[PDB]
Amino acid sequence: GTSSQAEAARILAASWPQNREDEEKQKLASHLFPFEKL
Amino acid sequence: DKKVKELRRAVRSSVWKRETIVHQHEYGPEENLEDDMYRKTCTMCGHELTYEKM
Amino acid sequence: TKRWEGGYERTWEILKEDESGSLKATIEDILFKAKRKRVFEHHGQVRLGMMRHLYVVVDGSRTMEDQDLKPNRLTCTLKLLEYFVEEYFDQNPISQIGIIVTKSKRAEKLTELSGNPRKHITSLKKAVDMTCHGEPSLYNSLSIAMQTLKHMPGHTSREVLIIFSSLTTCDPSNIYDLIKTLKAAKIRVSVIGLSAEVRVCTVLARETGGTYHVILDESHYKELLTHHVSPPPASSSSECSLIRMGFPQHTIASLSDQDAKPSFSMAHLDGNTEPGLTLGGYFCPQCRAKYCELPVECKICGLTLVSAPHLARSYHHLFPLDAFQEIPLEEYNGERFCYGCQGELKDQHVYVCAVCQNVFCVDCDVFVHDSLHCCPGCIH
Amino acid sequence: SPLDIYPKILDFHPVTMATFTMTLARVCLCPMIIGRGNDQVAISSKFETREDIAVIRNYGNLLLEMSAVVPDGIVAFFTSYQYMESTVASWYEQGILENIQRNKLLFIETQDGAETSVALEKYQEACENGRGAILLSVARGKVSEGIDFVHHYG
Amino acid sequence: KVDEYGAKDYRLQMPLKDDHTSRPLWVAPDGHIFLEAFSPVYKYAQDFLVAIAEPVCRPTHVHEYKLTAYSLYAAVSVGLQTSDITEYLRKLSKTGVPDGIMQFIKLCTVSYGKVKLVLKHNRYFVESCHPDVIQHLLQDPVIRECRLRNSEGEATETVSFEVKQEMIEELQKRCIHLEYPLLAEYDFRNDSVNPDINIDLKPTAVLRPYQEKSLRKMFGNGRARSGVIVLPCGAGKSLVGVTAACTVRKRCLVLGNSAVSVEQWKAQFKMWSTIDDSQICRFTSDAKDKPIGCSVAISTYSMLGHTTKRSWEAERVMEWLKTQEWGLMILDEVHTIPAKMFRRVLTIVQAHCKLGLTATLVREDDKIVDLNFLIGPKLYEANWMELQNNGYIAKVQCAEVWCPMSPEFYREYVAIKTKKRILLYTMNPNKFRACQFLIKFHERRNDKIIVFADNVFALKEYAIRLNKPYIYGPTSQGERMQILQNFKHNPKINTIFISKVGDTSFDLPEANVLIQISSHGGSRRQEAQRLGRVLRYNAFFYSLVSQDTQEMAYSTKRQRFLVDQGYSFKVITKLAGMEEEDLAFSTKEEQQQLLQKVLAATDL
DNA sequence: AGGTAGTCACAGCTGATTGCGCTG
DNA sequence: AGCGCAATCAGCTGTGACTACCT
Ligand SMILES: [Zn+2]
Ligand SMILES: [Zn+2]
Ligand SMILES: [Zn+2]
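Residue numbers (PDB author numbering), protein chains in the order written: chain H, 889 to 916, 931 to 940; chain K, 220 to 273; chain E, 8 to 387; chain B, 462 to 615; chain A, 52 to 208, 267 to 645, 655 to 722.
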């Protein structure tokens, strides 16, 4: 379903460690993994 | 015994459908206490919900 | 006997004490010994070279579609060839590169033999999307290379590099006769295989004096190409080998002066789009033809336009700086300030130039021998 | 290899039972046994399956995509002349022998001594250069033991 | 001693300060050594501390060592004497040696060579230079059971007596308690009783300098003694064993854990020892290559310690093998020596030198200390950080990426507790998506991936969903071999799944990416072994865990060995481009349907 | 109120059974 | 339809942690 995809993505992508890290970003390469550099 | 055990559970595991129990609170009639307080008592688990109605 | 079956080494016996605290002196000696880890030469190999007319032959058969090297052999080969061309032109100022692509038992001369790197890189990028079909023909590619290089001057070293992916080659005639002709023409042939060893390539490399290698992986391929980058050793003196070349100064035009004359670039004139009609660039010293890129041989008068700094960058090899005489600080009865950095001399060893008898510290000595390549005192 | 059958094939009293395996800086041979093909069907040359089309196609495919990896010389031994000719006939009938031809030259060893000698000579001259060649013969033939395939040959 | 801030303060104990910061070392009263790596004398201090102490953690800046009795026994086993070690410890102290370390060192190193154990003519004798110690240990009741037939005294020359062969472990356990540790020194240079073989390693098998140090410490003064050498799987471990066997030049016995390690050892011997196949034999009841009358014998554990009826051919082979002396019985995977049936393997055969080789010496149940007297002291412990700095060990970028528990799964996880929650956090849909994304990303760049996954029930639905090869583990012998063979030399397939099968030393090809899901509880050995399958940022290995579950604590407690080795586990909370492409379990319908099948085990 | 032996999962080995293939 | 190689089951054991009962 169209809404099911959005709901599942919202739940999974931002469950525990995003409702606070994103807030900090809003209020504010060698060690990065290859998938984090693309 | 092994070859009947490996297949007797196939139909057994496909009978149950719902595992989690529904816990909807079905409150009954409200009771009026002092200071316009209204209390609802759940008929399934005895949950008490007291509220002040404007 | 065995080295490790004797007595166990005690490396910590070096440090000793006489006044209870000389470990500071020992670690100072260790720190001084840590420096000077080089031989005062960035390369330390071949200090000279010679004009190379190198021809690169690339296989274009169906075997290039194999996925041994991701994504396929053709793409990795062309990327490493672009890198090789860049490095080769960096390490060889007046060299020329030709590219030949062999396909369907015939050889196509993809690029003319010249010294422009940009043209070769553009040709390789265009050839990235080629069609891999048929079988390679070593005979035709070698015949084209020999026909082109037969009229080249003798003093230049004539070299052919072959990238042979397919294990089978179709020859319209006997190939060993062509190998004998190449040997008589003093043309060096080097082959870099991709799948496995082929007898004809080994015979060709052995007879023509080249080297034949087989790729293990992409890193080994790059290592082999980098080895091929290095120029060969050059004989003492053969003949009057010289060449008429110009040094076009980069005279741009400014409208503040009345001599601001726009001109079309000859290199850009052959493009489909509008050629760059810039205010100025590199004007030929002989016929005043305008070019944008260097080093590019002049199309009109045939003069070779080279950049003087590129030729001068290798002059330090001809005149290396002799190592300074290491002298202990106590034995030097002179000034105690370094001539290069004006710093106070407190190291146990002081280096004195043999020519001007000046004073240099360890850091300044390392900098002079490694990077500066000239003694500041001798300049004065 | 079997030192227990020779003493009983012929009246003999061995006292050695000794074998030696060469050692080098690297393994100079790569023996391997290929069973089922890409279709997961056995390529066994069983008598009941000699006329099978699937096994003949598998043999042709093996000889084709093998001829593209090993350079300058392949020697293939068949069980018999009849099986060899029947297999090459089926290869010719399909569009598979052409793909083998465009990789390496095909040379067929026959009973004629002069024809066998000239085929061996042209096989050697094709292996000398980069064209490559295939030598198809029989295990129980005069060419199996009459020549030795030294390095770069076969 | 004082707890003003809860820390053991020893400021007053070691106040000596002659040079401010010349000496890069610290000592502790009870026992401990702190080393400064950022020192010009770092290599010399490392060489001194390795020979006298065993490490406890080697981070990038401040190495930390510990002084133990067995470390001092190993130090005095080498030509190092009490005066030398004490004077060089006080040489680099920067604070002064406490008067609780000097006495401990003296007590440990004084009583080293008093008691010796020797093997001769298939008989075990314990010989002491000092006759008094024999009467001192004569009163011990436990020793009296070893001496058979009243032990008239064995008057020779030097006082010695016979001991029971089957009870040698008990006396070794008692001697360390009696402050008289036993030593196993084999002077193979002069035996004239053993038929020394003609083994000779080829002059083309070069070895790295770190292996030189371990081999040199093995043969300190021309004799070979039992010990343990710890080297990473990617590093050269079998080469060290082969070189040691060649140098000992005696009848060697090699013991492995699996029936495929015997072929590995045979290949290593054939590659780096120049020994004919007639002398080399494998004793694993598969081919029976005439093990009777052999120079080097290769067998495995779980076969030399059978408690049941044995095969007739195997019985005869064991009868032949238990009737002669062995030189340098090499034991592979020495960490699983202190077992109920593996400890008796050492006592069931007679050998002069016992060499233990492993990569992960850590083990639960604190039975590693027993290995100090079972075999010997820890001889060499490779520094993994400096090993990967030289470039000969892959610099693996360790990752600890956790995945949140879906609401439909966390309710069942918190509802049940009777061992049924293992499949809940193992089959987390978010962890499944993370694993799929990692597999696809590292396949797009042509990286070989090995995916370890215990709890094979989860692996079944984990591998068929991605449609990739997997090793259930009791599949066959041939299928596993062909899968591992086509895993390396094939570009079409470059990712495999393993279920607790790769938790030992196999012949797995070079790999760059390791993704482990649902490993064992707190096995530091398992994590170290799985990491060792990658090193050989060249490579990187990932560990996937589920948040707010026991797997978090398991991952935390199973990485303390690797952080002691110097590895740092970066925490990855978000995967870049997770929503960029399509992954499985995209919608909630299949996620909630997964609960039905993951709850369908019902193994009751 | 606290601790050790069963117990489960998952793997290994060796010791037999036992079941399919075995010639141009 | 007799041999023989190979697939298969039984019995024991290692590793790790979870869990019921009682002095
Ligand atoms: Zn001009
Ligand atoms: Zn200076
Ligand atoms: Zn000077």
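Keep in mind the hints are simulated off the structure, nothing from the lab. Be careful, since some hints might not be right.
[To be verified] Per the computed footprint, the stretches of chain A lying under chain H, defined by three or more beta-carbons under 8 Å from a beta-carbon of chain H, are:
no., stretch
1, 433-444
2, 680-694
[Stated by the list, open to error] Below are the DSBU-like pairs computed for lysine-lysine, each with C-alpha atoms no more than 35 Å apart in a straight line:
no., chain 1, residue 1, chain 2, residue 2
3, A, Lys142, H, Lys939
4, A, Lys504, E, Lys77
5, A, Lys142, E, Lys353
6, H, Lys939, E, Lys353
7, E, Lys190, B, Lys583
8, A, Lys504, A, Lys715
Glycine included, every Cβ here is placed at the ideal spot set by N, Cα and C.
Each hint, compared with the structure:
1. For the stretch 433-444 of chain A, the stated coverage by chain H is not satisfied: 0 residues place a CB nearer than 8 Å to a CB of that chain, which falls below the threshold of 3.
2. Against chain H, the stretch 680-694 of chain A contributes 6 residues with a C-beta closer than 8 Å to a partner C-beta. That satisfies the three-residue criterion, and the hint holds.
3. With a CA separation close to 49 Å, the supplied pair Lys142(A) and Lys939(H) exceeds the 35 Å bound.
4. For the hint pairing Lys504(A) with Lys77(E), the CA-to-CA distance comes to about 23 Å; that is within 35 Å, so the pair holds.
5. At roughly 27 Å between alpha-carbon atoms, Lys142(A) and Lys353(E) fall within 35 Å of each other, so this suggested pair holds.
6. Using a Cα cut-off of 35 Å, the hinted pair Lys939(H) and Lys353(E) is violated, with the two alpha carbons roughly 48 Å apart.
7. Distance hint between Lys190(E) and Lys583(B) is fulfilled; the C-alpha atoms sit about 26 Å from each other, no more than 35 Å.
8. For the given pair, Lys504(A) sits about 40 Å from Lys715(A) by alpha-carbon distance, which is inconsistent with the 35 Å threshold.
Figure legend: structure checked against the earlier numbered hints; hints not met, in rising order: 1, 3, 6 and 8.
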